[PDB]
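S.K.: Chain by chain, the residues:
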Amino acid sequence: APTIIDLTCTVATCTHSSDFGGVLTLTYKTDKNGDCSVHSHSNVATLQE
Amino acid sequence: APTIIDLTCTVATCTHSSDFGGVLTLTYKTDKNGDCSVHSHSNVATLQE
Amino acid sequence: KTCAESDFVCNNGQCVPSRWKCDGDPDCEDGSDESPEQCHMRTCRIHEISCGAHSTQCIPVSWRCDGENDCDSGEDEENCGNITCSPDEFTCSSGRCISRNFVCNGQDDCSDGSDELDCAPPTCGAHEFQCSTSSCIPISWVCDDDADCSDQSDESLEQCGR
Numbered sequence: 001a002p003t004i005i006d007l008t009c010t011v012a013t014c015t016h017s018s019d020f021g022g023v024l025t026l027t028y029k030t031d032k033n034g035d036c037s038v039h040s041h042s043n044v045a046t047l048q049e
Numbered sequence: 001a002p003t004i005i006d007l008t009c010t011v012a013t014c015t016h017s018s019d020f021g022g023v024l025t026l027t028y029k030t031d032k033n034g035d036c037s038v039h040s041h042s043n044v045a046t047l048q049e
Numbered sequence: 001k002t003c004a005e006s007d008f009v010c011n012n013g014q015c016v017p018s019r020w021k022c023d024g025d026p027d028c029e030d031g032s033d034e035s036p037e038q039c040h041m042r043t044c045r046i047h048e049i050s051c052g053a054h055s056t057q058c059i060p061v062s063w064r065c066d067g068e069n070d071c072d073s074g075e076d077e078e079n080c081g082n083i084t085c086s087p088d089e090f091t092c093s094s095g096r097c098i099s100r101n102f103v104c105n106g107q108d109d110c111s112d113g114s115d116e117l118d119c120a121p122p123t124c125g126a127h128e129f130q131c132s133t134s135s136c137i138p139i140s141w142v143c144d145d146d147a148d149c150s151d152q153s154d155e156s157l158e159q160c161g162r
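Chains as they are written, first to last, in this note's numbering: chain A, 1 to 49; chain B, 1 to 49; chain C, 1 to 162.
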């Protein structure tokens, strides 16, 4: 699994609607290309993928 | 003749026997490779070569 | 940096000025401007002999056939001795020289497996599909309609069988 360092997140737009209405941009530094299992640690926000 | 700079002496092991029982290592930096004439300036220890 | 029209070009790619040609001093690393055939004998000091045309080590001629392996490759113990190889050939543990194209090729050309010792495989992980431009990407990225490989090898028709 790639090791990820210096990870920050920003929100481009938000709109609390029933559908998936918030877009999130995530910047990081890594060593190799791979797959990461992405999660959100609260029930206030639900990810799609 | 070659020029020797930054000469450092270390002893691997010693045992004061009648035969030659100590191993010396000298570390250095040189510009060209050639021959030197090693010597000891005391009679406490006598070199072999 | 291309040498100017007023500079001579050594065989190794080094630029030296035109006044410095066959003037006797070993200017070029290979002595191109003083090729020791009609001009000057440029290769190292006069009383000093090289460890071959491929070894830049300079050993005094008193080290030539002096009974010890003064050169790195043993070329000092030549003529009166033995053993020499080629830059493009790989030296096995037994001393045999095989072409570098045979190193880590999966076949024991060295007759002892030396060319197959410490070979990181040119392929990538078993859970991985190698792009034809040598890029390593995992299998689950093949035929995914996304060209994650640089040359669209993961999406190549031949690999997908589509």
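Treat the hints with care, since some could be wrong.
What the hints assert, rightly or not - Across the chosen pairs, the derived CB separations fall in these ranges: (1) C:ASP112 with B:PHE20: 34 to 42 Å; (2) A:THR25 with C:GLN57: 23 to 31 Å; (3) C:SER140 with A:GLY21: 28 to 36 Å; (4) C:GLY52 with A:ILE5: 24 to 32 Å; (5) B:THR46 with C:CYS58: 30 to 38 Å.
Claimed, not checked - Sample of chain A residues facing chain C (criterion: CB under 10 Å; computed from the structure): (6) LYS32; (7) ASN33; (8) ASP35; (9) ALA45.
Unchecked claim - Here are a few chain C residues that sit away from chain B, every Cβ distance over 12 Å (derived from the structure): (10) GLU48; (11) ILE59; (12) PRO60; (13) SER62; (14) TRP63; (15) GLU116; (16) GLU128.
It should be emphasised that the hints constitute simulated quantities derived from the structure, not laboratory data. Virtual Cβ for every residue (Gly too), placed ideally from N, Cα, C.
S.K.: Hint by hint, say whether it matches the structure.
M.R.: Now the hints, each set against the structure:
| no. | hint | in the structure |
| --- | --- | --- |
| 1 | C:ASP112 with B:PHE20: 34 to 42 Å | holds, 38 Å |
| 2 | A:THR25 with C:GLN57: 23 to 31 Å | violated, 57 Å |
| 3 | C:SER140 with A:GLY21: 28 to 36 Å | holds, 29 Å |
| 4 | C:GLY52 with A:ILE5: 24 to 32 Å | violated, 48 Å |
| 5 | B:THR46 with C:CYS58: 30 to 38 Å | holds, 33 Å |
| 6 | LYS32 | holds, 8 Å |
| 7 | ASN33 | holds, 7 Å |
| 8 | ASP35 | holds, 7 Å |
| 9 | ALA45 | violated, 27 Å |
| 10 | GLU48 | violated, 9 Å |
| 11 | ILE59 | violated, 8 Å |
| 12 | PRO60 | violated, 7 Å |
| 13 | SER62 | violated, 9 Å |
| 14 | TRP63 | violated, 9 Å |
| 15 | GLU116 | holds, 35 Å |
| 16 | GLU128 | holds, 45 Å |
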